[PDB]
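What follows is one chain in structure tokens, specifically the form deposited in one PDB entry.
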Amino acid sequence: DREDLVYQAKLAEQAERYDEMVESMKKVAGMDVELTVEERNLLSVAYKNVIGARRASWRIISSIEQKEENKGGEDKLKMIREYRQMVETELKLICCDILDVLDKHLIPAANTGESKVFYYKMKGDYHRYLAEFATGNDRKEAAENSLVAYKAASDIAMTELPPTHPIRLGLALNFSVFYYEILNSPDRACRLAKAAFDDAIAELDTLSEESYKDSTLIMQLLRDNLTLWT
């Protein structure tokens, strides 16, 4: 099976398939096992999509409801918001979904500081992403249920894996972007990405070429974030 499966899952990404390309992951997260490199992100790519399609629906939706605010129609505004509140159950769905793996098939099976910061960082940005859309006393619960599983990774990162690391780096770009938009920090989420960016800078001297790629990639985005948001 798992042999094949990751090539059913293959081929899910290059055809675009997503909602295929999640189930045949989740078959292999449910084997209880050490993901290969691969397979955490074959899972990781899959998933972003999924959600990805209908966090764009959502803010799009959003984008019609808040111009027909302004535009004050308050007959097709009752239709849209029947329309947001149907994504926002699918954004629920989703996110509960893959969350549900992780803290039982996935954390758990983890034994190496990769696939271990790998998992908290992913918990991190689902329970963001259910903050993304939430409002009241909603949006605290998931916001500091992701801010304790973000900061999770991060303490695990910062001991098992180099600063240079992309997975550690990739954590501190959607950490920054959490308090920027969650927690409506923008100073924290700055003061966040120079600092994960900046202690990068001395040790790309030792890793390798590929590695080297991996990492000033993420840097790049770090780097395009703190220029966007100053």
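Right, and the form deposited in another entry of this protein, after the form deposited in one PDB entry?
Excluded here are partners and other molecules; the one chain stands alone.
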């Protein structure tokens, strides 16, 4: 059954039917056992494709909305805003879905440093995606929940993973984006990203055969952000 679900998740991924990949991997998560690296990754890809489709839609519609505000077409504005809201409803439902799977199933069953950091960082990512479109109280609560999860992931990562580890780097990259895009803090975003990058450069001997390409790519992204932000 667990192997069958993995197989079905992999078929859905090949067919680019990410909804189905999510349903298959959600059933694996629901077994209340430690996921393998492969399963963790399948689950995370599934949801990142599902949410990423709506985030890309959201950003297109919001830009359209911004163009129309500049020309004051209010009939158009009406429909664009109603359409945005609908996509926001979907983003909320999807984030709420994985955040429940994380809280119910994933985080309670996680018993390795690596998996705990991966799931807390995921929790940080999904609150952060809530925060991207949230205003008012919702934005504050999403930002606080994201911050808490990313600090929790950081606490474990600092003690349990080498600074070159791809999940630790991935956490640094996304938490720096969080400080930049949600907390509006370019200075803290830059420090976190720069620290993560310097700490890995200091310990390049910790680079693993399994993930040196993954580490190198994240370190290049940390650098691309720092470029973008300074």
